[PDB]
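Not every chain of the complex is shown here; the ones you see sit where they belong.
As written, the chain order gives the labels A, B and C, with residue 1 at the start of each chain.
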Amino acid sequence: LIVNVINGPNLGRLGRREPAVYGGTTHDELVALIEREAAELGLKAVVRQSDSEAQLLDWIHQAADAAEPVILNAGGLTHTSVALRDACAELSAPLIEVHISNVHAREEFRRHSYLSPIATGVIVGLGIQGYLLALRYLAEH
Amino acid sequence: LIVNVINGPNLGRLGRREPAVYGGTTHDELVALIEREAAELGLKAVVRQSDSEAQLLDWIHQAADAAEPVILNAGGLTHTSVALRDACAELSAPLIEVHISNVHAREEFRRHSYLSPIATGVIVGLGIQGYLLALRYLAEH
Amino acid sequence: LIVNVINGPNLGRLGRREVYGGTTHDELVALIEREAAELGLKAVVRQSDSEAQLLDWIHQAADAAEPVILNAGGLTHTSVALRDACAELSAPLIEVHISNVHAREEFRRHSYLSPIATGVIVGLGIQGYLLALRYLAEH
């Protein structure tokens, strides 16, 4: 059972700066953490990160075609991209929107998400653990 | 450690009505589910519900005095109540805001929350499992 | 059958003074019960300044599949809790306002109930409640 975990722009640099806002973990540490939690639940997690909106669209496309669930932290494109929203709306399996930081306690523009209205559900502010709680929801649904 | 799970107006009726929106589980079964998960996790779950703002405020106050964390589904008061937000901001232990339904796929006025800017984090649209995921985050701190 | 008339905060002091007419709350319960007997209905007329109490009355009506005529006072404009309790009614809900809320302060022009109500009557004074009965008498 495959679960795609997809990270958007700038998330490749997790841990290098403001560990107050996004955690101390780097992206390789995140990938290993998610893979371990996913094996413990009976799932396989494919974890991918890209700064390129076209590349993220490609991965969502493949997820739609294989009818696989998506855990998406779209970074900045969360608030700006209709193209990514429409590609995510093709997913027949669940879609969990994840934000490491509490986007409601930050700038006003971070409060609006193209993704939330079409997601199965949203987890915000729970730090890197939010990804792990999303997998666990997909294990039980 | 004690975790408080507080439910706001109307959630006493959980399970009888709009089962595609809220669960099929009743509040009684909900309380049981939470307690069992909390037990597994090394925690103790104190799960209470009320339709009165004054009573919710009283329980939040108690949690603040006790330095205990709160998992709050405020129901309609989420969107309307400054008095509740202000009492919640007194918590020193974590506050997770939970909604059973995906408040972002619903009427616009449900997209606005007084609680979210002052919560540690927010979990929405993951049905009743959002409560159990919130327990799991607090297990980790 | 039974029709529930539910009045919200401040409405206990009807006709008292210190817009809404000179009829008191006692006199209105009597009016509604007279008119409803005449229509062949049983009217239960209840008032509470407590939101939680209003909800419990709504919940009861919804369990018994009975109609509600609701003047929710200030909470018309402010309570999502109450809207959601009323959205559970399977029998009709008629939202009533004694005053013409459209001829007053701008904030009184927004109701959380109207979108989920069967219909709404506004500005016709106390008779508003009687017209709602007459509507419910025809179903």
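Here is the rule we use: a residue touches a chain if its C-beta (ideal position, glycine included) is under 8 Å from a C-beta of that chain, and two chains touch if they have at least 3 such contacts.
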{"item": "Identical protein chains across the whole complex (3 displayed)", "value": "12"}
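Just so we're on the same page, only the chains that are shown with their structure count from here on.
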{"item": "Topology of the chain contact graph, where touching chains are joined (line, ring, star, complete, other)", "value": "line"}
{"item": "Whole-Å gap between the CA centroids of subunit A and subunit B", "value": "24"}
{"item": "Length of the line joining the C-alpha centres of subunit B and subunit C, rounded to whole Å", "value": "31"}
{"item": "Computed distance of Cα centres, subunit C from subunit A, in Å", "value": "47"}
{"item": "Where subunit B touches two or more other chains at once, by residue number", "value": "none"}
{"item": "Touching residues (chain side subunit B, partner subunit A) in the complex", "value": "96, 102, 104-105, 113, 116-126, 129-130, 133, 136-137, 140"}
{"item": "Subunit C-facing residues of subunit B, complex", "value": "8-10, 13, 17, 50-53, 55, 75-80, 109-110"}
{"item": "Touching residues (chain side subunit C, partner subunit B) in the complex", "value": "50-52, 55-56, 59, 78-85, 88, 112"}
